[PDB]
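Starting off, we have a lone chain in the form deposited in one PDB entry, written out as structure tokens.
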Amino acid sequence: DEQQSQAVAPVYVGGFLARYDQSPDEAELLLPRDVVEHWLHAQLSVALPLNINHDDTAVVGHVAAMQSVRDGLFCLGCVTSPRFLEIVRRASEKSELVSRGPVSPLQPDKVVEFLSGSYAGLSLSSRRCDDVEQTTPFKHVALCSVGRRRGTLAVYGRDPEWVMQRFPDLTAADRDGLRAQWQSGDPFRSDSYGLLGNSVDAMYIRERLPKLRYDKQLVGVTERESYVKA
């Protein structure tokens, strides 16, 4: 009864929403450093919502921190939704992937390990950044199977310090900026059928796994350790 309450505790997510050194597969995915910065400055006020694959009825949390760093944009969000966390707790109990558990030194975390296999990537939702122009341009972040912009792997953890330390690229100064940022109840308006449904979409996205390893290597989570299942 308490173990279940232990797993249902808040989960933290962090990742690059965009790695400046990467050329998109689609022109509309262009988000330059000068643009990010200007936008970041124009907006942070209220906390952007964190949702499941951009669905407005699947808000699981909020983004706690946003920070343009040398290699791209970084975000730190927190999954605080009781219902979502419970759905994940329940479902994790039924996955053979989760069952195999993490890599040695890491302790099992069914909920974190579930979100990590499923929603292995972050995806920002923002203003149309098109040639010749560059308020609230950042709309929301979305947890999804993969991202359209490479290098947006999602690192899940129970401690914002822990997840942050997973990315070799970040620097003390970076983490400071972020930390300083984090320093009506349950927003989820969907359910297990809703997420079961979403599960099929992700299953037809071409080269998802190959993208995720590319992302893993790129961001460096390879040369570290987490519950990344990709």
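Basically, rigid core = biggest C-alpha set you can superpose within 1.5 Å across the two forms. Positions refer to the first chain, counted from 1. What changes on going to the form deposited in another entry:
- Looking at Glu161, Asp34, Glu28, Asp56 after a core superposition between these two forms, you find that only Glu28 has a C-alpha shift of 2 Å or more.
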The other form holds:
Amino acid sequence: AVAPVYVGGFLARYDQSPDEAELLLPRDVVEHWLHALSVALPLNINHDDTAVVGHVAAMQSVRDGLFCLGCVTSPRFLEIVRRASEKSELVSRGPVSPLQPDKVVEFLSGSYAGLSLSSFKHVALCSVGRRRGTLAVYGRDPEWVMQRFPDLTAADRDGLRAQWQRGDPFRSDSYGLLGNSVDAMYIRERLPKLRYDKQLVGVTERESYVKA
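To complete the pair, please output the form deposited in another entry; the form deposited in one PDB entry was given just before.
Below you will find a single chain and nothing else.
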């Protein structure tokens, strides 16, 4: 529905050892980045600057990584998704048992299962993220989405919660989303990577609309 959709997830996962054994981004290197939110960080589709769907409501550098909570607010984008979801068999199959069907959230969960902070500038919703653990979790309530991630601390969530609170931007079209999906269809290890990110961030231990 044109009620907004929230999306949360890790943009980057932090190296936990004292010697870079994992080759992940150091927490203080990324925190320098953060330190370096007054200007709105746009949320776009697959890095396309004409395809702004909403914005990042909060970014919190936590123990395991840099978590992000964005808001998909664009009526046009949500309408396109509403229209495409009505023609998807995957969506008609429905979520996992206890969850209430939600065609848009479910369409988004399958189409843009990844998050990507990169060429801050913007956060991109894409079919998969390159960095480890960048799975995108959508839901209607921001509280439910943060609760999908076991890594998050009561304090971490309060850290985010404080930020998110204290003319349609989408200038693209369905064709742009159509072209993206075909490219996505040829990304080779997409599902595997998704499944790996899900486990890593622990959404496998929670009920969600994640299609992977």
